[PDB]
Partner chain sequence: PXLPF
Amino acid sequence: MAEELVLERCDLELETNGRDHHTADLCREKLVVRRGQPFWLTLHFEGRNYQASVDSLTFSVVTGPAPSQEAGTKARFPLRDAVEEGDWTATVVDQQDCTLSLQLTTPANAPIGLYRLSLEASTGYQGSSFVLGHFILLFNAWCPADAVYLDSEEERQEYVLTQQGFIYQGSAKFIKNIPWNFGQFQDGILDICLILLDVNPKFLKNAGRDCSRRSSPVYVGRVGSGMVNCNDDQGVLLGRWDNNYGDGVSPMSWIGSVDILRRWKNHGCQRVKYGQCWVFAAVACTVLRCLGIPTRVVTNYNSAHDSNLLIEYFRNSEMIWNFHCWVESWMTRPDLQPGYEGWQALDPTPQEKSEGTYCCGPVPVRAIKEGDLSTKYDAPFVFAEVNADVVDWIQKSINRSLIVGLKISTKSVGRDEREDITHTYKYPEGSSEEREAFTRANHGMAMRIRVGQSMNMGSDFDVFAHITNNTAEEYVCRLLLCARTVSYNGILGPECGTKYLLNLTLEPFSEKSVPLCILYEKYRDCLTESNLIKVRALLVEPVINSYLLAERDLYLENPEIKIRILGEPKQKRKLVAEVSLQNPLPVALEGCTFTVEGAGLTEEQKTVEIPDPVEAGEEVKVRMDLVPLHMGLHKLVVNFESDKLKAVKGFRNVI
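Chain structure, single chain, in the form solved in complex with its partner chain:
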């Protein structure tokens, strides 16, 4: 007898829902709500209203292209009074002549995204099923049961709802606060953000699983950040640091994330040119804030102090920059060991390189501080941005030419002020906690410059970076080994040999002597009458960001003047002195002249002239007459001068 209900219309209650879900800017036309929290829909029936004793109403929701109940992307649930906490439910909260106001709740771990809501109404022996509408479901920092819950309203306002903020740039000494329009609730931005998820490589690999995993703010943070500068062509931005941004738009121009996002969408999800670290970070903040994950942009500063090999290596994309920016997002970490909930570092700057679909993060900030580098995801990459260990061997010594991890900064909550969060990444220098973390992060290595034989002006010779690994672990390092001439007063001249090794493998409990050949032809023209060559080595281990420097000055010695004493040493009479020198160069010597003197042996300075040039390796001798007189020691003294080999000295004691 009872006939089926006829829905006239469903009122999405955008106004009360927007307000209560903190989604009002997003609900001007469509319904956007947050998980784990009741929202309202008001049904209007044509004719007869719902009667619980006759009518059975059942709701169905699906999200994604392959919804399933086991995946959590499909749910079916009846309209009824009993409300099971933590489930998809619908209950009556008001009933008037023609209207039925319902309260629907979603699980606090439901997948986020666009859902289609359908209703089946059944009266007795008949049923009818149809589409009520759609809603977008987001993460809920207000819901205690949600992984992204933040216990503080002022922080929820800052990190989810506030659409403008500050990105710090400049330097550690001169911090710049650049205002930024994140614009997460601007028209079209949420749709663009859902698009970004639906073109991510994990969605292409398995869209049903991808949409299911969108329950997790770990998963969505990883994908969201990871997609901003994505090795695949569908990422949001392309990086560039060569001051040459004419293809497109300069990183320094942008004052917001919105225009970039809209550009990206409009050009077939093709990367927008160009980003730099803070532009990637800024767009990541927009995306993640849109989806409901509390997020904040952070800047770390690094500082040099200036001939250093270390600063050369870098000067002339895991560099160490004047500043670097990433984001932090707030969430629990049930996928990790207990106690890692809270801020998680996400770094959307280009190179996904070691392993995995994305880099870098999320990694708990506490894991970084604690040097617990086995914690997923990509902990070494974030550790390396705020730590660098640099040691000199001039011969063991700490080198502060490079200080990384200074004045780590983010906008203060509810204020236009800078909050220093360095303490969150780094224990104080020299503290037991710092040293204990440094121990956990690297679980014996040494370097010095060796030669192994005499070094002679005119010769080609090898120098060696002698690297010792006295630990149980393998190391893969980059090595820079080079030589430059140097003056007695410490002025570095031109290069006379260089060797770069991208891939030096150091086996456990082993050593290597890595040679570099120093050629006469390379140091000859550019070398001081000091005869000095500075050899410098830099061993880099980019994973932990550790640096070993070795430096040694070498003296290229002059040829010896042989001085021979013909005749007797008796305290009296005639005596002849034979002095010689072998040309050590591979080239002939022009304008050779010996000058000789020595009171007690001679009374005239004897200067010999050698017109016949001394060929390479040829020795030249000259004999000259002495005449002693008294008991004891006399020192004959010799100068040899040339066009290519000046002021070489010698002496001999006689009697």
The other form holds:
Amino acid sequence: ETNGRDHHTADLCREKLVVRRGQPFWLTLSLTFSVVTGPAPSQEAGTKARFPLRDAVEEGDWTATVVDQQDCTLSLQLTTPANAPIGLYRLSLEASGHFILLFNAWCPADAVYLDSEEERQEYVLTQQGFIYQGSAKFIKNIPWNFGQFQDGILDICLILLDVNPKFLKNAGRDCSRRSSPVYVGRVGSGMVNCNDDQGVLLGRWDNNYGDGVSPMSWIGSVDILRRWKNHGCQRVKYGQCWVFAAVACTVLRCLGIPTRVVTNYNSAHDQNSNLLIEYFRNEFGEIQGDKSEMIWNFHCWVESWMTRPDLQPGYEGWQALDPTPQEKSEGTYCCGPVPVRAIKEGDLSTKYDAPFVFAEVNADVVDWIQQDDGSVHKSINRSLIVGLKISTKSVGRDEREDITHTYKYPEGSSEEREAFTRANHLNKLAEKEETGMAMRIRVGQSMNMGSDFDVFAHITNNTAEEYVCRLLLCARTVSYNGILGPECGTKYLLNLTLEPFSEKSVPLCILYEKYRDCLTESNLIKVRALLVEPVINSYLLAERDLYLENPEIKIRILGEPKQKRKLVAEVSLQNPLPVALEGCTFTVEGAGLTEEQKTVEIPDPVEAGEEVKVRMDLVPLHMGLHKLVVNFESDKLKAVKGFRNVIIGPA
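Show the form solved without its partner chain, please, because up to now only the form solved in complex with its partner chain has appeared in this conversation.
Excluded here are partners and other molecules; the one chain stands alone.
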């Protein structure tokens, strides 16, 4: 067990040994040792090893040097190789139990070696985190309990590997190839939503999740992974991209591959890696429906840290893995791993799937306004820029780290030019037409889910001429992935006089009664404004995605935070709606604060102004920092999150 403390697997080391490859582990008792892992072990396949109880050393692969011999006892040290395959091993010796071997971010020779402690702590050990959502212009951080070290998750991850397509075809090859984080990476990734029989989650995007758990409701990977195994490995209802990435992160972290979930705003996902996306809108600026895919408000994927021996030297580091399956050249599958640096450099020939990730982040959009006589005019749209605020949690702290710079060079820089050339993407001549006029959507201040509020189409005329235009404003609810719902606010002005060297601000009132019916749990509304000057026949387009704020969840920690001691969390919130909330339910969890997810229903409805308050009983079994993540659910106010860091010291 003091191996746990040595291998950073302490929480995992309870009633079975679990260690990390490339590092020596204590064992206490001429004879020889033998290890076997797969269901068809073999010597050359690395899945089986025979080694003597020497006294010297001479590394190479597996060794078992002796250290002490306290008369009736015998202390020795087994050493696994830095590239030993991952999995369950059987340990037996000959005259004259089992351990689980994971990747080792701490071992210099391991392919997943992490140069610094804080990063190993964050990307492998810390079980709580954030998934960035909201909007490019108002980023929200959703708390999430990865809980990779929660009870039974490691066993589920091994089951997850042992049931993947490649293990079914040839269990022997699979177990052997599991020495490679890129190989394990592609498996973890494909098992999340792709591989439709044994897949972990079943995606659904239509806002109709009654017969399952809505994607926005999950507050951690643990419950998903459990519902999967406890129902014979059947897809859990339901997930969406951040959920896929989130459980993929949990699995990979459990297994020891440093991983972090990333969010990209204005993501050109599900376009066939196409770098020039065109939309055709009618005279009110409404995109003319069909087979065209909308830009996603945000899209999530994960990044895993490892070396890439299967590619040109120098591509070690972060590798982008997108477990959300997308339409590809020959089928619909997930993507990666591809080195992020390759994406930044425009090296699209690198495996795997470089052109897809490159597009998510660099695609170019053209908005056309179709008119009478089928004439088509290119509108100026300065509001849309693909690949916006690539975010992931900072190492060791709750602040958000912007990693956009790792995927892209500064706009219009020379290095950007190089990358775009290497990617056959020199399209960026910029129309710059500039009617001298500009326009953008302004919000003024934060709005809350449940309230009425004004937003504004803000026009700037930095010219000597006075224009007379028509301005078409339209606001409609949107799913996080682009699906537009019905209009929830419209306004047109047919004779807008824009004075010279001035600015005008036109308000658009958005009412709760108009957006309550179709707003998804992502709380997004998309405001659109089209300004057209009939003389020159110019079209100025501007759009913005608003995020309506949910009420905050107050969290009081009652009692002294000590290991193995009653802890009460009082959670509450105030109903923001002008009507009553029914079926209120608080849900809580967090690796380190409970082994079980806690739930508390509220029998009676919470009226319009009222607050709802309950107390959850916790029994924290671990010292150190842990995030208590909480979710609130009701009939008319869903998926409101909240969290609280709890320290918990010595008993």
